[PDB]
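Shown here is one chain on its own, the form deposited in one PDB entry, set out as structure tokens.
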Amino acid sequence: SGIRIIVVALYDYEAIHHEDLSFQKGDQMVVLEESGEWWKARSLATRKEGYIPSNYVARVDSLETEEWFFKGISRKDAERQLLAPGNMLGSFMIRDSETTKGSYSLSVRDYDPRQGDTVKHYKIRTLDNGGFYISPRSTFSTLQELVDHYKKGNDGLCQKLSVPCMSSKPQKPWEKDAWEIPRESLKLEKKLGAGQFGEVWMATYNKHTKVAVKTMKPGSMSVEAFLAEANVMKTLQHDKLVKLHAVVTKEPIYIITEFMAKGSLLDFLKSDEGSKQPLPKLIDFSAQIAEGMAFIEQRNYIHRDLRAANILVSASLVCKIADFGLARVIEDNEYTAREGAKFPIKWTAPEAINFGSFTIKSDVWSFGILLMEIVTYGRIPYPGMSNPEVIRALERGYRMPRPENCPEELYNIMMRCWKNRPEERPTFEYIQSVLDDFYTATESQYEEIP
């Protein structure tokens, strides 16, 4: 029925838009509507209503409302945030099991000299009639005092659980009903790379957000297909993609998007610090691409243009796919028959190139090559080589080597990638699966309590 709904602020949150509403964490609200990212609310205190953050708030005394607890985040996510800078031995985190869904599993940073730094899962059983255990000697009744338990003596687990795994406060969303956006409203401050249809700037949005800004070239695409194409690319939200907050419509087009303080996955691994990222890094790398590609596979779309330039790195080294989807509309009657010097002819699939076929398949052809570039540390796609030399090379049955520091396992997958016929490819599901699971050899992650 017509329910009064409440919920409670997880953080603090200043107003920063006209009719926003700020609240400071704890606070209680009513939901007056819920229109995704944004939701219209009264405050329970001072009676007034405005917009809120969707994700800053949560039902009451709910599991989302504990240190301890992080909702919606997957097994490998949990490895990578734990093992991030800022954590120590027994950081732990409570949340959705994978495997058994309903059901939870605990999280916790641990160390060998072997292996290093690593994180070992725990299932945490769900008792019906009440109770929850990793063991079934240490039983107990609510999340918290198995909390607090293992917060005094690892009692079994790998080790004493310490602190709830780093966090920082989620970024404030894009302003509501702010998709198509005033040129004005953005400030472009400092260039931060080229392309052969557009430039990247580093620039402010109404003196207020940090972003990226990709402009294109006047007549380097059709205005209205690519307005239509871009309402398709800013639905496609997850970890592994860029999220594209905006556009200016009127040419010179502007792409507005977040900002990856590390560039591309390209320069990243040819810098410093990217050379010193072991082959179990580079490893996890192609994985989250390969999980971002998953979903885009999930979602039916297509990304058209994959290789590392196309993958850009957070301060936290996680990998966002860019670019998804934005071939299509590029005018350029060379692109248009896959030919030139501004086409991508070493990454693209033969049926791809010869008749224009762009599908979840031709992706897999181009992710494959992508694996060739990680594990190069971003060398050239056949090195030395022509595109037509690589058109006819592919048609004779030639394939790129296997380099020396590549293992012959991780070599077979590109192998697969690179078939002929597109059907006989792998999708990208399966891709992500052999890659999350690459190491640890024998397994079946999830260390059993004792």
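Basically, rigid core = biggest C-alpha set you can superpose within 1.5 Å across the two forms. Numbering follows the first chain given and starts at 1. What changes on going to the form deposited in another entry:
A 2 Å or larger CA shift between the two forms, after fitting on the rigid core, occurs at just one of 194, 228, 261, 380, namely 194. Once you line up the core between the two forms, the Cα of residue 430 stays within less than 2 Å of where it was.
Taking the rigid core as fixed, one finds a CA shift for residue 237 smaller than 2 Å between the two forms.
Annotation: Cα of residue 417 displaced by less than 2 Å between the two forms, core superposition.
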Contents of the next structure:
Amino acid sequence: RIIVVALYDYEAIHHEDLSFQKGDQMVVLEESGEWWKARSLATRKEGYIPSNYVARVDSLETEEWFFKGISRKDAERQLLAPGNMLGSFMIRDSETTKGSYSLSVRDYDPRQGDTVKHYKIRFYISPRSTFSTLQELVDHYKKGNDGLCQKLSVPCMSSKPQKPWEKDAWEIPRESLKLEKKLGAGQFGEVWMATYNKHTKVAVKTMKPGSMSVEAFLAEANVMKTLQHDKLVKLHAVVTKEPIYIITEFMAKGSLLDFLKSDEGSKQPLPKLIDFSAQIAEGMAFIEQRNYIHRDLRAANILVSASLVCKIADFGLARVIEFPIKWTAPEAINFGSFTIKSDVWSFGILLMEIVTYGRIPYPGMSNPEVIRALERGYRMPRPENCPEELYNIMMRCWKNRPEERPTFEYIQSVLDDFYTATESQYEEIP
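Next, give the form deposited in another entry, keeping in mind that what was shown is the form deposited in one PDB entry.
Coming up is the bare chain, nothing alongside it.
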């Protein structure tokens, strides 16, 4: 008999899902992945709940200061998001020391600014002050920092998870959709802001009938479906009848390209710009890991969400299609040799795009002009706002030999800790 508890409020919007409040306990009846069958102990109604909205009671996830499955960098991203304050903390699964836990505390370093320190935990931090349960431990450091950068104040602002897509609805009838407002158009189709079943806001990429076979496209789209990651835009559904529709999550601030050119973009300081490209490297590192290829990496194909999380879009679409030579590796231009390494070349350009708030690559140069320019060994010069060490990375991405260019794993690893000396990742306690 398994009892779970609601971590967040939820309002039902389908035929057979349950509405519950934060705290309502429930009996699990089935575990079908994203959706679980359950019985509210509050209503006595049996229905479907979003599995990721509840956790076993007295389990750690139930706690407000615990964050399951969070990396150190993301732990550091959520503590620097507005709404938190000096002393804001959290406990999480440690990356390096598996099966153990780590403590992340907000802090102010008069020389860096707002930062986030991390401590490991074996339970105890300092063999001085030992503790029986993370609760005891937590409540301790809440009064007078026991040697910690700061004193534990308020748990980290937690977000409300996205609602899982309707149960078993990868392919939808076109009627389930109202494409309300057109956001963009182009050679291959448009992108619309849409609503799915009067209830769910979404984005739709409509594909002009090319060929680009339909059953050819759908094969890719089923692989596309399996490439899920916090840094890839999420494919919800597909309409399989020419003209094909691709239904995805709606990203509020549109393309990275468009965001960097806007007002809010222009205010973003350099450490933010760096973080953006770090997020994209994380996404590209995932694609690399899964032995996949993007083939059209650039600011235009990066989406920005309301909270400034970057997500790659159009991954794979490039393959299935049917003129951006400025983002393309010489080997891909000359012999059509698209690989993860040519993506890396792309990342280099996209990276310059970012640091120059979306300015076009090779300004004032034509495509032909640039193609010959590259053959002479020409590269874009470092912009003024650009740190020397960041430029050295672009240059590494633009090595004539693909084999010589770094991996996204390495690029991700470097960008993430750009301002943190390796020895300073975790703290050593007195």
